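To begin, one chain is listed below as structure tokens, in the form deposited without L-tyrosinamide (TYC).
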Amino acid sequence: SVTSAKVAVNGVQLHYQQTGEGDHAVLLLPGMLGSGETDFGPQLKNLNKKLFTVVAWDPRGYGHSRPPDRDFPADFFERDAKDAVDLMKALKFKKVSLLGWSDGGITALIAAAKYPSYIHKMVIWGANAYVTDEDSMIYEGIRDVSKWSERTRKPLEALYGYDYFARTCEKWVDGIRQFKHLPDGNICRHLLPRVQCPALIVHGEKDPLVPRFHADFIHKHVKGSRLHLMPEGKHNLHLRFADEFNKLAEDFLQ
């Protein structure tokens, strides 16, 4: 049983879904243009409701956290990280664990580094701490939503309508490509050494969007972290292999 609602955080009404009665609070952070509705159905349904209280949030401009419309300033990952932690604090949780996918994993890393006393444990997958030329070209190949597969475009087009979906995707490409021009193409390389909580980095070996070297790099600089490789996993491993992923996450969180 899942409840959807909005809470006022930093000047915006953020939408979120919540389920479970457990004493261990867990926030699910979605990826690019994501939402709890499109990115975490399996987790909101199957994560142990006796052990955890699960919340899936929609970053400002994404999902149902509209208005406002989405924009990508240089500090957009940091802004999301603040909103994410403030949202859980607004919901009265004293400490939480983070499950971040893609852009949400980048967001989670930043949150753990900036608010260490608030984060218990973290599980992230499909994230990258910096942008290379290879990454930049991958992003550019995502700009045109009309070239997306029908299966991948359908859910987002239905959630946002073609116009907003297409425009926001282009803004995302420009937004994440901007980091390439900064020293080291940096997004959060400098924050990895500041993560103090136990972290599990999962990577789908067949992920076509994020090369494994990005997972190796995060594992290398997040002290005490563990890296788990899934031979058949792709970018959406928590959806395609939900049962396998949920077990990995639940075992690590306990």
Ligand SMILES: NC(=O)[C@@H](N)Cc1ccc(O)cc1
Second form
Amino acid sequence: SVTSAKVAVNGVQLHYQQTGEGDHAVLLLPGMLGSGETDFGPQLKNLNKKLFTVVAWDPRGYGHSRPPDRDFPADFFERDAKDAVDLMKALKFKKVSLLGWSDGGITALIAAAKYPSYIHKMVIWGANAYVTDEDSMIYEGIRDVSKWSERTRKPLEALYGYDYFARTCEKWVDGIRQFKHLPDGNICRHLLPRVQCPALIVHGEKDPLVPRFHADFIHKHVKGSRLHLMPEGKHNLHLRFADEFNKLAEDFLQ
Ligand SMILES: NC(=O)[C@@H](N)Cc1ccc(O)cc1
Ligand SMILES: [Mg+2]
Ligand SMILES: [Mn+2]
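Got the form deposited without L-tyrosinamide (TYC); could you also share the form solved in complex with L-tyrosinamide (TYC)?
What follows is the whole complex; the chain from before opens it.
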């Protein structure tokens, strides 16, 4: 059973889902336009409820954390990272582990680096710490939700309605473009060496959105990290291979 609610954090009413009675608190961080409802069903259902207390949050402007509407300032990943940690603190957790997917993995990396005393362990997949020319072709190619996959679009179109979905996606691409102009096309290359907790980087070898060199780079610069490659995994490996992923995550977190 899962409970949904909102809590006031940094001027916004953030929505989140929570389940479990475990003493090990875990936050599930969704990707672009994601939410606990669309990105973490299998985890909120199957992660061990005796071992963990699981929380899946909706970044401001995403999921049900509306208003406000989503905007992408130069520091939007850092703003989400602060909101995520403040949300867990508002929920009274003294320390937490992070499971971050894609943009959520980027967010998790930043949170671990900026609030090291609050993060126990971290599991991230599909994240990229910077943008290259190869990446540009990829994100520019997804700007138009019209060309998106029918199966991948349906859930977001249902949650937000076509208009908000389409527009926010365009604004997301515009936000990423700004990183390309910065030195090293940096998003969080500089924070990787500051992650002090045990980290597990998972990557689907058939991931069509994030080239593997991005996972290799994060693995290289996050001290003590482990890199797990899934031969058949794509970008949504925690959903397509949920039992395998959940087992992997549960083993690492304990
Ligand atoms: N779903 C998300 O959170 C995006 N980070 C996925 C993505 C990665 C790289 C890209 O070039 C484009 C899209
Ligand atoms: Mg450089
Ligand atoms: Mn929600």
